[PDB]
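S.K.: Construct the complete structure from the given sequences, taking the supplied hints into account.
Number of protein chains: 2
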Amino acid sequence: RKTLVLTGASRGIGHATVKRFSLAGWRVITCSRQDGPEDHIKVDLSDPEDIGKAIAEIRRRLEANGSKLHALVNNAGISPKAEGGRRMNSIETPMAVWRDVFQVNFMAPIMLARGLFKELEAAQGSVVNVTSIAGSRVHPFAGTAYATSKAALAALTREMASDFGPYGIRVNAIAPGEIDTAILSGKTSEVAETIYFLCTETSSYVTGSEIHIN
Amino acid sequence: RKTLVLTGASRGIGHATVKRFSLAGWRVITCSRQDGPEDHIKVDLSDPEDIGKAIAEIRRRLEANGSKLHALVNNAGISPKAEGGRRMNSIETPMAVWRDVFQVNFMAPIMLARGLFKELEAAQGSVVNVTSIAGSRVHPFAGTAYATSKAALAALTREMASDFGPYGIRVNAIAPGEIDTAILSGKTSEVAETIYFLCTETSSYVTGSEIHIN
Numbered sequence: 001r002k003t004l005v006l007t008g009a010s011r012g013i014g015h016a017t018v019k020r021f022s023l024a025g026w027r028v029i030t031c032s033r034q035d036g037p038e039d040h041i042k043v044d045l046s047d048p049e050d051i052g053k054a055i056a057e058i059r060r061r062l063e064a065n066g067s068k069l070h071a072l073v074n075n076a077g078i079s080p081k082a083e084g085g086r087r088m089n090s091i092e093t094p095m096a097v098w099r100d101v102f103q104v105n106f107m108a109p110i111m112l113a114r115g116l117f118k119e120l121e122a123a124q125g126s127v128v129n130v131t132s133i134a135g136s137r138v139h140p141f142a143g144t145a146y147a148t149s150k151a152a153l154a155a156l157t158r159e160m161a162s163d164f165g166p167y168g169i170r171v172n173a174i175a176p177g178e179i180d181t182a183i184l185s186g187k188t189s190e191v192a193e194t195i196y197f198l199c200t201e202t203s204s205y206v207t208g209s210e211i212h213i214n
Numbered sequence: 001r002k003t004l005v006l007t008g009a010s011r012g013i014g015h016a017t018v019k020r021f022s023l024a025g026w027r028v029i030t031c032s033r034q035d036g037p038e039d040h041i042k043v044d045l046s047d048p049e050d051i052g053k054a055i056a057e058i059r060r061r062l063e064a065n066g067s068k069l070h071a072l073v074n075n076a077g078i079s080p081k082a083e084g085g086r087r088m089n090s091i092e093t094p095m096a097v098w099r100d101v102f103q104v105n106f107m108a109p110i111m112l113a114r115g116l117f118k119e120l121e122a123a124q125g126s127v128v129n130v131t132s133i134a135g136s137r138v139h140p141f142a143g144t145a146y147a148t149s150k151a152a153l154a155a156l157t158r159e160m161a162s163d164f165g166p167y168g169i170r171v172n173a174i175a176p177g178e179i180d181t182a183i184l185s186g187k188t189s190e191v192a193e194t195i196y197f198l199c200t201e202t203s204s205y206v207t208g209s210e211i212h213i214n
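Those sequence lines, one after another, are chains A and B. Residue numbers for the first sequence follow the numbering used here, so the first one is 1 and each next one is one higher. Residue numbers for the second sequence follow the numbering used here, so the first one is 1 and each next one is one higher.
Worth flagging that the hints you see were computed from the coordinates, not collected in a lab. Everything hinted at is true.
For identical chains, the list gives no copy identity; a pair is met inside one copy or between any two copies.
In silico EDC-like pairs for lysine to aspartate or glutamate, Cα to Cα no more than 20 Å straight-line:
1) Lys81 - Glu92
2) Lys2 - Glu121
3) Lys19 - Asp39
4) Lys81 - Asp100
5) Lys81 - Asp163
6) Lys118 - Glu92
7) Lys19 - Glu190
8) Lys118 - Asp163
9) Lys2 - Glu193
10) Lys68 - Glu57
11) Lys81 - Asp44
12) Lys42 - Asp100
13) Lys53 - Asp100
M.R.: Printed below as a string of structure tokens:
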């Protein structure tokens with residue numbers, strides 16, 4: 001059975017992605033901060049100790065599938081609001097928020113990919129980083145730490161593709177057409193379809209690309 | 001006298017920038033890790049306590065110029081090498097290096113701008129963030145933490161322009177045509193000329209832009 005590890009399995013893009021892969025017959029292991037149990041991992045992606053614990057548990061679970069990981073999809077993302085639900089801009093964002101937003105949005109994707117490297121290599125698998133329109137334009141719904149971490153994630157995706165390529169692992173990004181509602185207080189189907197494309201045989205030769213959904 | 005605070009005043013772009021502003025009659029305050037003394041600030045931009053100390057000292061020095069800062073130029077940037085001088089990629093970069101490179105390359109620019117906000121506002125001044133071709137393409141001379149932090153700095157510049165605009169402070173980026181030699185083991189004149197443009201009256205209406213030197 002082909003296996004997917006998905007972060008950010010929330011309502012919207014997350015659900016749509018779990019549904020598409022499930023209906024295609026994949027084993028889907030979701031990661032979330034919240035509590036088939038063999039296919040959920042509770043992990044705080046702002047906490048490097050907890051990420052290490054999750055990676056080790058995912059590796060144990062993948063032993064059932066021949067220690068192969070066919071896909072890692074990094075869809076977790078946070079955008080903390082300022083006081084009273086306001087968008088948090090560059091002047092107002094405290095150090096702690098820059099740190100935690102870059103840890104969840106930007107570091108966890110590479111920590112997970114290199115932590116799960118043996119299994120991605122064994123499967124000649126695929127890594128998909130979900131980027132954002134906020135990474136290239138100022139958006140009222142997304143604060144500055146989210147925008148900048150997503151811009152950094154697009155560049156990380158490019159660098160990862162170059163680094164992972166010689167090991168046979170393709171790495172790509174997808175930027176949905178609109179801001180992911182999961183950072184707020186048909187289109188989602190199309191994002192899930194494109195993630196599925198990037199994880200299946202049709203995209204075998206595609207790496208280092210960022211697909212923008214219109 | 002118009003005043004410039006410049007980080008990354010190293011050989012190459014840094015010197016060329018100090019020279020251009022000095023010959024134009026500005027007071028130039030340089031910041032560097034190394035020891036007219038009234039115009040140098042010794043600061044480790046990887047250390048938030050030291051950045052706070054430097055900001056307070058810069059504010060004291062600017063009292064002589066009516067507590068006005070006409071320009072802040074963020075040119076400091078680091079790209080630590082892997083063992084034996086090798087380029088450090090996404091697989092090999094330890095947590096500590098991602099942290100320190102984003103602190104020097106990305107956090108210090110916004111910490112300095114908001115720390116010096118009263119003086120930039122009093123001068124209706126200009127902030128220039130020096131970005132890099134590595135922020136948009138994989139380069140053999142620049143590691144992954146540098147590339148990704150510079151991509152994040154370009155997005156920060158866009159966000160800062162939007163945030164600082166209503167206060168009358170313009171914010172722009174410049175990406176030189178080549179990798180800054182200061183991260184290694186005529187063109188520089190052109191970078192310094194463009195930084196000077198972005199800090200003088202001709203660019204009064206220019207904000208949120210990233211100038212690519214050919």
